[PDB]
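Position chains A and B with the ligands relative to chain C; hints supplied.
Okay, here's what each chain looks like letter by letter:
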Amino acid sequence: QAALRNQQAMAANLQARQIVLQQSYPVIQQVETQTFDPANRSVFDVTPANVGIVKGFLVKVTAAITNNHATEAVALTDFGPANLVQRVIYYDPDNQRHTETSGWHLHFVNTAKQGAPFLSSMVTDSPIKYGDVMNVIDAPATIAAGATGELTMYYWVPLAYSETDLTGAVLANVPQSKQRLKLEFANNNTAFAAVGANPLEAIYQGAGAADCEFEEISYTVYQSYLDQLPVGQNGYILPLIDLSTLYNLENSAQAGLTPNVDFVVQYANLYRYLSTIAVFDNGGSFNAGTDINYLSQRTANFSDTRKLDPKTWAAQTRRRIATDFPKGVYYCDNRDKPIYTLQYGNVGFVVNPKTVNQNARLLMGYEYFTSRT
Amino acid sequence: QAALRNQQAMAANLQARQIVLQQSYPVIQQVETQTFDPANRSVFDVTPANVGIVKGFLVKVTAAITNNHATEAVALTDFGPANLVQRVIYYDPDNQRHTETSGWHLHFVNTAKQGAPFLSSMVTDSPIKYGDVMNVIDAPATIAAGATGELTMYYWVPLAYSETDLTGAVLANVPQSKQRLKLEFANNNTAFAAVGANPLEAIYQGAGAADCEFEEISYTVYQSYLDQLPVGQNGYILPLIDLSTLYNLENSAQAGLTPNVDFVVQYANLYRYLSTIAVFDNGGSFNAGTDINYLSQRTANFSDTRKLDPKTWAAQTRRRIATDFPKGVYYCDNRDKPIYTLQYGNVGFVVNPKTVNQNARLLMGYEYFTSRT
Amino acid sequence: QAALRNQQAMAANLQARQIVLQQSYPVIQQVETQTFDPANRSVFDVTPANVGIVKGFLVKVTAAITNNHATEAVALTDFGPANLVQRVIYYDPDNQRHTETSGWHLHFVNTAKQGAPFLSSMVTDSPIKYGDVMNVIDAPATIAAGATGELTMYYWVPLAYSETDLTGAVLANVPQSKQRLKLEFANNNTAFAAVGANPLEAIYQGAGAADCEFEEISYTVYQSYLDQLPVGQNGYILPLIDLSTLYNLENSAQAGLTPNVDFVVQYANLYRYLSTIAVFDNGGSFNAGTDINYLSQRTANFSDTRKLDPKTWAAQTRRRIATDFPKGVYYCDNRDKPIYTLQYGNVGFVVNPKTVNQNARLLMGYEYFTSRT
Ligand SMILES: CN(C)CCCN1c2ccccc2Sc2ccc(Cl)cc21
Ligand SMILES: CN(C)CCCN1c2ccccc2Sc2ccc(Cl)cc21
Ligand SMILES: CN(C)CCCN1c2ccccc2Sc2ccc(Cl)cc21
Ligand SMILES: [Cl-]
Ligand SMILES: [Cl-]
Ligand SMILES: [Cl-]
Ligand code: NA
Ligand code: NA
Ligand code: NA
Ligand code: NA
Ligand code: NA
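Residue numbers (the deposited numbering), protein chains in the order written: chain C, 12 to 384; chain A, 12 to 384; chain B, 12 to 384.
Chain C on its own, in the form it takes in the complex:
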């Protein structure tokens, strides 16, 4: 029977993973640093090193922003420094595409995976001076007229699903085939939004936005990988299922929302969706659930497995990340039982809006597994 072959192949994959993790040599190492002015260039193609099993990339981004307006200030948007990177794209040595998503979606996934705001500093009552000492992720709440602010942001670009689950990792042992990590950074057009404009992709918004400009952006890419891979009789001990599976983040935009009607976003088939993020960009307005009747995941036979009002939806998210996502951002965890259908559209994500402004749209971000072939 073929079901036993599967059982055997998965047991062997798990065994190989455990052997690799036990015997391999975990390394994190810089591969590239660069400082630039986004007025000159904002898209960069980073070439990682071809060594061992690649697990992911830590992208450090710093920036200096000057407000040269005469009188008016500017204030952080909801996403703030998470919009320093507009887009990230990874291609493996076979030129197979993995993650392609926005900076803010990648950041929200980093938060979901950590269980708390990514790389944040928790506030406590400790008299010992713990706290925001090193400003790992940091941005001034406002930039006054004539002032210059310093920003720092970190993104984890995952290939492997986690430090102990190598599903999605990349074997980069061929010298000639090239990894490609594409970073598209913010610039003076995307980062600053005037009053009344849509702040989705911007870092600061306010009456002084027209006279704000980047002084510089700097990035440093660190590559996390496993060296000194174990070797056995038949050859390198490798988890074949893990290394032949893609773990990808992607996002898309959907429109056509109308008040009091279910707006359904179908899940594709053959993808194992681990998480879903839905941002209700209600025509440049981001509200704390007040413009939604309910959200749900639905099988299409009218059976809702979790049809909830917005506050109760947020309650489940508070159990995942110990806080709320920013206004208009809704998270759905399916990690223990991924959405997996055999026929396209057998499951959908549902938002029933109560208020729909002009140009309202739903930005969907997905976390999923899929096989190469």
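Treat the hints with care, as some may be off.
Copies of the same chain look alike in the list, so a pair counts if it works inside one copy or between any two.
As the list claims (entries may be wrong) - Straight line, CA to CA, 27 Å or less: simulated BS3-like cross-link-like pairs of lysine-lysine:
| id | residue 1 | residue 2 |
| --- | --- | --- |
| 1 | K365 | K140 |
| 2 | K322 | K365 |
| 3 | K140 | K322 |
| 4 | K193 | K348 |
| 5 | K193 | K365 |
| 6 | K348 | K322 |
Bear in mind the hints are in silico, worked out from the structure with no lab data behind them.
Positioned in the frame of chain C, the structure of chains A and B with the ligands alone reads:
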């Protein structure tokens, strides 16, 4: 002789639990919503759905409170919106009671099980606008004279011990049996305490309390259960030990405290106590340990397993929920090694007070397992 | 080869550990309490009880500090009340030394092991009055001229590695035992640093420091151990490897730093280093990474396994303890793969400074396993 029969029956139960969790698909859906004026009615009986394996109920409570006093305001008590529900009682299909406890004890257990204040929003230094966006559990610190405040509270009523441990869950396949979830809500008599009165059960206290009233109370009950239970050769694959065990929360009151003398609350026998909460209601005064010499758990043979000063007792609790329970509330975790005696009164919970005001009492809250037969 | 014997002995050690943890009687009880004036005495030798397997000691320290200066105030140092204990040393019944380290290093390890500032109270949006109720660890941020402040501090002195890993525990059944816990407390010379002086070891610093004095210090030592050890056919069931292993905390000082040059602190051999703490005492100045180029761990010729700038180094720490350590404190976790070297100097901890003041030094704190023989 029969130790293997036990071992076998336990191995079968565990395996069946894993199969049920693996093959069934979890569902959470609304079962009842109602708005009312506590001046007319404050006791309600919710009728859950009889489907699959029932794990628990999420009770969302919203309320509007108006301070009609001319000049004086009111402020939250230590328990605040946790007293929106005064009492909860659950009857399973076979008319067996599970949880029967107060709202504040249920909330403190929800917190203990989460490892942090239930459904709270942690504060961090993140510049990304995480935080208290959705006001999942919320209540104004004060309600000024003439003002109206909005409250939201959530309670999880557990049947199953947790999402992965179905001990205590309820099989709702029986045709002739109605579950009963009984909820007693706060009213205009319990929710508001005058200056100098006992705030234990109240939501607000202050000089304006006599003229405070509910505008309205609303509740929504969600039921969490497992559907599509797996079927095997003999029939449904079910963990018989899990479904024949009761996971209950209960509360009691004890009086007779006198300064500098050990006040002992005996644990009953046949119950496997998982946690203990002791509230020192010192005649309407709730103090931060300054009225207690020490607390302990003690066996009949005179041995103290943890006789500690109140600060050190609170230190262990800080390792459990990352903060302190409100003033006068003391928590004891026995989940790894439940208090389980064969003879009533073999083990007791000890409080040695140093100050005892008139009408002092110890409100006990218990979390325990027990068998149906 | 006979390496099978190891396999068997370790499987037997883990089996004996599991049996002891299941059958034994966990107890935490007070062994000594004393109030003293540090002007008279600040060094104490605590004699624990000789019962069962000893896992560790919880040291509660309270203090009253008066600022007698006429006009000036004092403010907490970065380490603050963690310097109430200057040094702690444990000797087992065989007079073998286990932990020998400073108070601040012990506290930082307690924090690393908890995953958050040790015994801290997290801040949340909860309206229920959770929070800093009991002041488990507490110290006023400043003490005004003429004012008296009250301090409370807790240290966990570990013998066993954790509550479930008895590696490092001590068997205390032999009479004529020399079990000794030595505590060297702060006094009126170490606790108070003048402006411009080195605040490393002090609790308060400021222009009023010269006139600050302890009114009193009090300590209470609790001993955590296992009673009622199980007895088998051959005799007492004991994990021989666990009880013959030392789990120690130690610290040392290192000097000879020069700008832009790698300063390497070699790891000794035969020690299994679990964690490393490095404090850059830059001549009494403690900076948030701005005086360091990068930190790293490095092999003889296998290069750097994690060569990172200070902010990225701090990012990894934020994933461990949900915040930053105080200024100048850098943490490195090696718990899953301890640094174990066949030959001395095979591995080293590296700091490359960019600014080195006079009398700069690197205070190293280590967590490690080692065998008795
Ligand atoms: C898929 N299902 C297992 C999830 C049910 C989790 N469910 C829960 C369970 C155990 C303890 C506390 C809670 S609170 C809660 C709050 C909001 C929501 Cl939406 C659900 C829950
Ligand atoms: C009763 N026993 C099983 C628990 C001992 C736990 N014990 C402990 C152990 C390992 C690391 C840190 C700590 S802190 C602590 C603080 C207060 C109290 Cl009361 C106990 C402890
Ligand atoms: C420990 N290293 C060897 C493994 C890479 C961990 N790596 C990581 C991995 C998975 C998810 C998020 C992160 S963030 C991060 C931040 C700073 C640093 Cl220094 C590393 C990481
Ligand atoms: Cl009504
Ligand atoms: Cl003295
Ligand atoms: Cl680390
Ligand atoms: Na250009
Ligand atoms: Na709130
Ligand atoms: Na009334
Ligand atoms: Na405090
Ligand atoms: Na002095």
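Consistency of the hints with the structure:
In this assembly of identical chains, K365 and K140 lie within 27 Å of each other by CA distance solely across copies; the values are 24 Å between and 46 Å within a copy. Taking CA atoms no more than 27 Å apart as the test, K322 paired with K365 passes inside one copy only; the shortest distance there is 15 Å, against 44 Å between copies. Taking CA atoms no more than 27 Å apart as the test, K140 paired with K322 passes between copies only; the shortest distance there is 17 Å, against 35 Å inside one copy. In this assembly of identical chains, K193 and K348 lie within 27 Å of each other by CA distance neither inside one copy nor across copies; the values are 31 Å within and 32 Å between.
In this assembly of identical chains, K193 and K365 lie within 27 Å of each other by CA distance neither inside one copy nor across copies; the values are 39 Å within and 32 Å between. Taking the shortest Cα distances, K348 and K322 sit within 27 Å of each other inside one copy (23 Å), while across copies they are farther apart (36 Å).
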